[PDB]
Structure formats: structure tokens, C-alpha cells
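Given next are the chains, with one letter for each unit.
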Amino acid sequence: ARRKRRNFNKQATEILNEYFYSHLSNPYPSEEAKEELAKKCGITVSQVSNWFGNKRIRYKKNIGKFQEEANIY
Amino acid sequence: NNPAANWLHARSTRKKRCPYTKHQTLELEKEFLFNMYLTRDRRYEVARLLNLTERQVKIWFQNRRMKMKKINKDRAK
DNA sequence: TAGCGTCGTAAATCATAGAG
DNA sequence: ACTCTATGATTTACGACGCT
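For the record, the sequence lines run as chains B and A.
So the first sequence is residues 233 to 305, counted in the entry's author numbering.
So the second sequence is residues 193 to 269, counted in the entry's author numbering.
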């Protein structure tokens, strides 16, 4: 059967958000850094690239909505 | 604070994205399989036929080759 | 320089998981 | 189940750099 898209588990999201926020002034992981995140999260490098693309634009589009999340991290 | 300040930004003069139609997509896909690399003339004819600029056609083919790369990387684990 | 190639990404849009 | 909308994925359009 075809693989279905799925929301990432809480674990993967925490790892990605951790990296994103710790590099907030320039959240652009290098290819080697995307491979390691991909490993810790159990996802693919394309998926890490998609997550960062999605995160930067949505965060940039709504700074307020992502506040508080910026702090806990 | 503006933490997004140093991030990559789209130049305020970039053409706004226009999804192509099922028809334009299907026709471009068929031109792709005929020759994965366009000649100045084939590009010119496909562009006219679909009412897309030659630039848009050149870029569509470039993006299509990157999609092929993406799919093949997804397969050869 | 002109001009087409790849790589990586921005931003908009898609598809449908999943949450009420 | 049945909307909605959140989120991962895909599609246009380029900038930066390669080479001839």
C-alpha cells in the first residue's frame, strides 16, 4: 500500500524545534547537520529540508504565534 | 527585534507564483520525455503553444530535472 | 558577455492527516 | 463519521555559482 503522510511524533518535533531555535539568527543546517537531525528524528534529509523551509516561512509570517514556543526552547 | 533579518528573503520584485494548469503540466511532461534538455527552438515552440514565457519553460525543465533527482535519491537508499 | 547547467531555497499551494 | 485546519510535501521562480 502507498505510504501515507504523517505528522511527526513529539520527539522529532522537539529535536527540530531545539535546533531551529538555538540557531534562530540563521536556521540553515548544512547537509551534514541535516543528516544527523534526520538520524535523531527517524526521518529523511528531504523531510528535514521540508521542515526547515516550512518552519522559517511560517515563523517569519507569524512571529507572535510562535512566541512562548521560542521561550520554552 | 526582527530575528528573521539575516535570513534569505525573496526579492520584492519576484514574479508572484502562478500554478500551471493540468494541461500545461501534461504537455510539458510530454516534451520532457521527448528530450530532457530543450533546444532553443523546441523551447520556443512549447512556450508559444502553452502561452508561457521561454524563461518559464527553461526553468520548468530545470526544476523537472531536480524533481527526477529528488525521486531517485528517495529510491536508492 | 550571453546563456544554459545545478543547488538550495522562498513563498504559495497542495493533499489529507487528524483533531474536534 | 464529518467538517476544518494544521502540517508535511509539492510546485514556481530565483540568486549564486559552475562552465563554455
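Derived from the structure by calculation, the hints contain no laboratory data.
Misleading hints may appear alongside valid ones.
[What the hints assert, rightly or not] Think about it this way: if two alpha-carbon atoms lie no more than 30 Å apart in a straight line, the pair counts; the simulated BS3-like pairs of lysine-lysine are:
#	chain 1	residue 1	chain 2	residue 2
1	B	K293	A	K222
2	B	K272	A	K261
3	B	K292	A	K207
4	B	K287	A	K207
5	B	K266	A	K214
6	A	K265	B	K266
7	A	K259	B	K266
8	B	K271	A	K261
9	B	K236	A	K207
10	B	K236	A	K214
11	A	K265	B	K236
12	B	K271	A	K265
13	A	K259	B	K272
14	A	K262	B	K242
15	B	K266	A	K222
16	A	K214	B	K272
17	B	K292	A	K262
18	A	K207	B	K297
Hint by hint, here is what the structure shows:
Taking the CA atoms of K293 of chain B and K222 of chain A, the gap is near 37 Å; set against the 30 Å cutoff, the hint is violated. With a CA separation close to 24 Å, the supplied pair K272 of chain B and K261 of chain A stays within the 30 Å bound. Using a Cα cut-off of 30 Å, the hinted pair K292 of chain B and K207 of chain A holds, with the two alpha carbons roughly 20 Å apart. Annotation: proposed proximity of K287 of chain B to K207 of chain A holds, straight-line Cα distance about 23 Å (limit 30 Å).
For the proposed pair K266 of chain B and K214 of chain A, the alpha carbon gap of about 34 Å is over 30 Å, so the pair is violated. Proximity of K265 of chain A to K266 of chain B is assessed by CA-CA distance (about 15 Å); at most 30 Å being required, the pair is judged to hold. At roughly 19 Å between alpha-carbon atoms, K259 of chain A and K266 of chain B fall within 30 Å of each other, so this suggested pair holds. At roughly 21 Å between alpha-carbon atoms, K271 of chain B and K261 of chain A fall within 30 Å of each other, so this suggested pair holds.
A threshold of 30 Å between alpha carbons decides the hint, and for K236 of chain B with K207 of chain A the separation of about 33 Å lies outside it, so the pair is violated. This hinted pair checks out: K236 of chain B and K214 of chain A have alpha carbons roughly 24 Å apart, not beyond 30 Å. Taken as a hint, the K265 of chain A and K236 of chain B pair is honoured in the structure, with Cα atoms around 19 Å apart against an allowance of 30 Å. Straight-line distance between C-alpha atoms of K271 of chain B and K265 of chain A comes to about 16 Å, which keeps the hinted pair within the 30 Å bound.
For a cut-off of 30 Å, the pair hint linking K259 of chain A to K272 of chain B stands: about 26 Å separates their Cα positions. Proposed proximity of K262 of chain A and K242 of chain B is supported: the alpha carbons are some 27 Å apart, at most 30 Å. The hinted pair formed by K266 of chain B and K222 of chain A fails the criterion: a straight-line CA distance of about 35 Å is larger than 30 Å. For the given pair, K214 of chain A sits about 39 Å from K272 of chain B by alpha-carbon distance, which is inconsistent with the 30 Å threshold.
Distance restraint check for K292 of chain B and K262 of chain A: the Cα-Cα separation of roughly 26 Å lies within the 30 Å cut-off, and the hinted pair is therefore satisfied. Note on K207 of chain A and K297 of chain B: the hinted pairing holds, with a Cα-Cα distance of about 28 Å set against a maximum of 30 Å.
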